[PDB]
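First comes one chain, alone, set out as structure tokens in the form solved without 7-methoxy-1H-indazole.
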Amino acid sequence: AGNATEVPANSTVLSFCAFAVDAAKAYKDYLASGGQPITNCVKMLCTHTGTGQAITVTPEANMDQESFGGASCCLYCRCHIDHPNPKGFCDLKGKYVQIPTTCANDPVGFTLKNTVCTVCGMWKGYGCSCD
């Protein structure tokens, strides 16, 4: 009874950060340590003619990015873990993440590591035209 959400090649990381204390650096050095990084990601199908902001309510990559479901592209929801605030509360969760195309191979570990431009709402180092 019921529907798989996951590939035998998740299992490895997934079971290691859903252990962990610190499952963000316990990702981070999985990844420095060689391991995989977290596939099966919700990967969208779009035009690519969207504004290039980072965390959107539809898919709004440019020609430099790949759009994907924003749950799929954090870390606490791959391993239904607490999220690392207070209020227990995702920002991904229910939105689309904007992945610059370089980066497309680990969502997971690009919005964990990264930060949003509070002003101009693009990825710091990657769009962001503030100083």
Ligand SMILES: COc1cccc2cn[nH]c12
Second form
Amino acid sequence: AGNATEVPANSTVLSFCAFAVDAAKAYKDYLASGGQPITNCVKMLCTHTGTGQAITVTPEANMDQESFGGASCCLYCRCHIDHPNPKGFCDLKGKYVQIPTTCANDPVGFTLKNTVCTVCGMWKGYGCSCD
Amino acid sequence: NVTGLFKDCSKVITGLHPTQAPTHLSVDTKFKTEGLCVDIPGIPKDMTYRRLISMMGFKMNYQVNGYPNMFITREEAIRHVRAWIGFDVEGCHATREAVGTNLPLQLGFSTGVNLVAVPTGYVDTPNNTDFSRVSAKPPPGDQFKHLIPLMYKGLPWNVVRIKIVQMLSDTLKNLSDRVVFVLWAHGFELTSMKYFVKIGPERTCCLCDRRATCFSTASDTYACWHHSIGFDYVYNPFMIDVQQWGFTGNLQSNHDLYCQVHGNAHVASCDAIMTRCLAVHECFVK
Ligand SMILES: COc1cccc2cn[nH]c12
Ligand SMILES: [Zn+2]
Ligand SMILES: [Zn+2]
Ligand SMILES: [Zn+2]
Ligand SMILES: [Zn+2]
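In place of the form solved without 7-methoxy-1H-indazole, output the structure of the form deposited with 7-methoxy-1H-indazole bound.
Below, the chain from earlier opens the complete complex, with every other chain and molecule after it.
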């Protein structure tokens, strides 16, 4: 009964992060000890002629990015744990997230390490036009 | 190649929208093409779902610097015999809005304590995962009859986990700097630990030099067994599965080979007492 959501390649990392006091720190540490990034994300096929904004309603990858389903790039959604956000709600689930191609092998790690500019809508250090 | 960990137990026939699915496997077939997924204009997100996600199938086989191994060897367990606490859980089954996973109902320990929880699960929604009461029933059959009255005697998990920490602290503070849960066929005990255990690097207590055995979500602080009043999580427990020591057949048959003073009263605490007793007879008697 039921429908699988996960693959065996992710069992170890997700179990470790599902039990951690600090899930983001646990994922960072797991990678530093040689672990593989979380796979089985929702990667989109698109025209790569989008706005390049970080978090969007539909896929918006430019030629330097890939588009992913937002819940699939969120460690808290992937582990089914509390979000550290104000009322425990996610800012990625229900949106698409654009990730620089140079970082697309680890979308979950990318979203944990980076921040979106509220003025221009692009990732700080990966598109932000405010500096 | 798929696992049962985080299986979606809802009865919804279709998968999720690409922006809401946690994984590629969980996206509905209608969005899959050319090895990836597509956004389809006019096909909306689902803004009212509640999908129960199974916690059966955790794998604690990571090797991460500075994080202790949860599962320990027989030799290490023997040195820490004073920290041994037998643990067993009787479950109930998800029903109605979900099917296909086991929820903790009666948590039993070798101290003789049984605690009863409200049937609670991890329900994915459009905004988060809601840790909430779910529809459940005891498994069918005369051997699960005693669980029927427990379906209406449960305490909420925020209360149960405080009681577990207090019981372990009272039992172990003058016996050990840790706990070793002594298990028999550990899968469901490990699923139940998700409800009351946290892990991380080895820490020291907030009020002394002893290692931390408890954590508080109220203050994000750590405590040993002596300073844990009010704390809600067990932190960095250890454990061992006695069934892996080569035994054949069920717990009771192996326990009865060495002991006659523990009659089977068919309850979680009794299985927990028999598991610790079998491990003690195997390692320390003759
Ligand atoms: C996935 O790796 C990380 C998560 C959160 C913070 C940091 C900092 N470096 N790497 C991190
Ligand atoms: Zn999320
Ligand atoms: Zn900016
Ligand atoms: Zn202390
Ligand atoms: Zn006995």
